[PDB]
Amino acid sequence: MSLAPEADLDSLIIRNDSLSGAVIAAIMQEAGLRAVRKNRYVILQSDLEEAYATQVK
Amino acid sequence: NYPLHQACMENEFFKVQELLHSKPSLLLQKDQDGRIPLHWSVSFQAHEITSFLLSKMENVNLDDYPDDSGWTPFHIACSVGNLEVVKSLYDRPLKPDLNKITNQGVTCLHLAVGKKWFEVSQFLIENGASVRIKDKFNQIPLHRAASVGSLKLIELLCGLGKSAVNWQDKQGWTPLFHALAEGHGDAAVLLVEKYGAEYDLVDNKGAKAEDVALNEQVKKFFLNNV
Numbered sequence: 007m008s009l010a011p012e013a014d015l016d017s018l019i020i021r022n023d024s025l026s027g028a029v030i031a032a033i034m035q036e037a038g039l040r041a042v043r044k045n046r047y048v049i050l051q052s053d054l055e056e057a058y059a060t061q062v063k
Numbered sequence: 073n074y075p076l077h078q079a080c081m082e083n084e085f086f087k088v089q090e091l092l093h094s095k096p097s098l099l100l101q102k103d104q105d106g107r108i109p110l111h112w113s114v115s116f117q118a119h120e121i122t123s124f125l126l127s128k129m130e131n132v133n134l135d136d137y138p139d140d141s142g143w144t145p146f147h148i149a150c151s152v153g154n155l156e157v158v159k160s161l162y163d164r165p166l167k168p169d170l171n172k173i174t175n176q177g178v179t180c181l182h183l184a185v186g187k188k189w190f191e192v193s194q195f196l197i198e199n200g201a202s203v204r205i206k207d208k209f210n211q212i213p214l215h216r217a218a219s220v221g222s223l224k225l226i227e228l229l230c231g232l233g234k235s236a237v238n239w240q241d242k243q244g245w246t247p248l249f250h251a252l253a254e255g256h257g258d259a260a261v262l263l264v265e266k267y268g269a270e271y272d273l274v275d276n277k278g279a280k281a282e283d284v285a286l287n288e289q290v291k292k293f294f295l296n297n298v
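Heads up: the sequence lines are chains F and H, in that order. Throughout the first sequence, residue numbering follows our numbering, covering 7 to 63 in sequence. Throughout the second sequence, residue numbering follows our numbering, covering 73 to 298 in sequence.
Be aware that one or more of the hints could be misleading.
Straight-line C-alpha distance at most 16 Å; calculated EDC-like pairs for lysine to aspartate or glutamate [what the hints assert, rightly or not]:
{"hint": "1", "chain 1": "H", "residue 1": "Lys102", "chain 2": "H", "residue 2": "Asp140"}
{"hint": "2", "chain 1": "H", "residue 1": "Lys208", "chain 2": "F", "residue 2": "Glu56"}
{"hint": "3", "chain 1": "H", "residue 1": "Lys242", "chain 2": "F", "residue 2": "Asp23"}
{"hint": "4", "chain 1": "H", "residue 1": "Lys277", "chain 2": "F", "residue 2": "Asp23"}
{"hint": "5", "chain 1": "H", "residue 1": "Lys280", "chain 2": "F", "residue 2": "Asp23"}
No lab work stands behind these hints: they were computed from the structure.
If we strip away everything but chain F, and leave its shape as in the complex, we get:
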């Protein structure tokens, strides 16, 4: 779906620069899945931070 207006995706990228596009896509796909469990059509920071927490290491 789409990112909420106040979302900050360009925050996950600034951390340990050098993430393959694949990982970025996995994170986004994972965030979208989390929004779905909330019955929301928009992605919030929590979805992004959570998605990142389990796609990086």
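Following the hints, put chain H in place on chain F, whose structure we already have.
Chain H in isolation, oriented as in the chain F frame:
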């Protein structure tokens, strides 16, 4: 499921009046993400709904209303960019703690800067917002201003804000490292030439700021100017 909240996302004013009139206890009800109606009206810049809701929240300190991610309506406001909404939320009886951090440890200033909202960032700083709160990755707003390559923000933070300039993040990067990794040659030299940024520090992989340059053109330009 959360009618009022929905009305706020869609900016259905007449709808908000109606729902609140019927069940006043909905003003501060939190939805599935821990948000109250004000989080959403602010998120979608519904100026009328926001004012209306605030008129009913005179006793409220926004610091007591972080959503599930730790974001208060004020963090949301600073991230969206509208100076007028931020002002509205600020000029109330009780004032928001300008340094309140989210669960990732970020402040409102981190948010406005990363999105390049100059006016909002200037407003926070002019009212006392610290320019050195370190988030979970040990980055301060300057780390973000450099990565987006905003000269305007770098001077605001290092000038008016007297920001620290050589702090290194969890990755070992100072703001300079960020400017060069993203191809912002002029912001990089601005940090070195005007605000005394050191370019001899090395990150956790032994690299120096000039060694993480987007390409050896930015690299060349930088060295040719510091």
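Results for each hint:
no.	hint	verdict
1	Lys102(H) x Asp140(H)	holds (10 Å)
2	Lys208(H) x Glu56(F)	holds (14 Å)
3	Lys242(H) x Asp23(F)	holds (11 Å)
4	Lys277(H) x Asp23(F)	holds (12 Å)
5	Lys280(H) x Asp23(F)	holds (15 Å)
Figure legend: structure checked against the earlier numbered hints; every hint is met.
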